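S.K.: Listed below, chain by chain, are the residues.
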Amino acid sequence: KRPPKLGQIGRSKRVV
Amino acid sequence: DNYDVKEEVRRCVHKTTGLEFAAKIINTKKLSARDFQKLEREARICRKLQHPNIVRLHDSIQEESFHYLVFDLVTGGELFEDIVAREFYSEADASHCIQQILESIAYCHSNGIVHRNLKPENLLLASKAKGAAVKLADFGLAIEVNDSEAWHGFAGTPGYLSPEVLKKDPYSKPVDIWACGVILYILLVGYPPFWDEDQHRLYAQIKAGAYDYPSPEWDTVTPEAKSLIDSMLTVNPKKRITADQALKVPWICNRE
Numbered sequence: 281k282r283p284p285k286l287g288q289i290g291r292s293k294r295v296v
Numbered sequence: 011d012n013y014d015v016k017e018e027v028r029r030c031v032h033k034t035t036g037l038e039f040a041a042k043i044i045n046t047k048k049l050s051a052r053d054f055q056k057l058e059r060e061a062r063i064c065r066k067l068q069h070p071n072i073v074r075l076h077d078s079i080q081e082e083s084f085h086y087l088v089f090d091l092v093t094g095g096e097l098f099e100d101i102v103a104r105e106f107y108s109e110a111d112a113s114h115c116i117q118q119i120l121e122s123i124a125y126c127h128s129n130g131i132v133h134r135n136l137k138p139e140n141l142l143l144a145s146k147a148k149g150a151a152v153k154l155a156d157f158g159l160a161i162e163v164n165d166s167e168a169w170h171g172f173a174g175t176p177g178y179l180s181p182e183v184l185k186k187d188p189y190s191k192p193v194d195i196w197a198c199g200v201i202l203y204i205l206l207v208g209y210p211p212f213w214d215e216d217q218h219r220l221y222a223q224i225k226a227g228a229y230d231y232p233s234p235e236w237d238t239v240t241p242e243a244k245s246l247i248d249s250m251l252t253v254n255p256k257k258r259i260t261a262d263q264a265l266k267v268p269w270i271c272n273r274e
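Residue numbers (the authors' numbering), protein chains in the order written: chain D, 281 to 296; chain A, 11 to 18, 27 to 274.
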């Protein structure tokens, strides 16, 4: 496994 | 008639005590009518929440067409930024950072409020000091609840969402402790626990409880710290550690 560092991934979205 | 506007929501200062603040300024009839009635609910909430780690709402004032909401002023920016900044916390700074969020959560819960949208991009720092306090913000999705589990809608940020909410199960307070584990997980290593390119691939991984401690990074994180995550990322709500319980763990109860 691994996933990208929080910097690389970006910032959320939210959901409704 | 007390506050004096400055730059930009936007800053301002009390006339009497001269304490800097942040004043959110909304409009009439934009925002529409019942768009406004969504802020009715939301604003009532922050007024119940007066705690050092919660961006406290101090006053609410109706003028002519504009509405004023006087909030704590916070400048250290988002915790998100501080994390991309430093790449990842030390366990100590991490322990400290999470203990702060926990105390805030705890208070929220012991007051019937569930945040739901709990993420790094919603935690603000007092300054970027090496000890600065952390403040909780954005209660757009906050809801008031009893001890009784229900299905209070479906919302939150995809990535921090809890299994019980993806299973369209009834949920309550512990949806937030789930978010913590995600955060506390990130702090220690700077990447997320659950993540994929495809939204559904993701929710799957979440619902499943599919996370691990990849070497070598995790090879050198005190087990006591993993254990605390493990207990937040407990998939079964009924047995997932509560806030007031997390605050009593060694790895958090070590101010020395």
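Just so you know, these hints were derived from the structure itself, not from any lab.
Every residue gets a Cβ at the ideal spot worked out from N, C-alpha and C, and that includes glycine.
Treat the hints with care, as some may be off.
Unchecked claim - So the derived label-pair ranges between C-beta atoms look like this: (1) A:222 <-> D:294: 36 to 46 Å; (2) D:291 <-> A:165: 25 to 35 Å; (3) D:293 <-> A:32: 32 to 42 Å; (4) D:289 <-> A:76: 13 to 23 Å.
S.K.: Each hint should be assessed against the structure and marked as holding or not.
M.R.: Comparing the hints with the structure gives:
1. A:222 <-> D:294: 36 to 46 Å: violated, 20 Å
2. D:291 <-> A:165: 25 to 35 Å: Given a distance of about 33 Å, which is inside 25 to 35 Å, the answer is holds.
3. D:293 <-> A:32: 32 to 42 Å: holds, 37 Å
4. D:289 <-> A:76: 13 to 23 Å: violated, 35 Å
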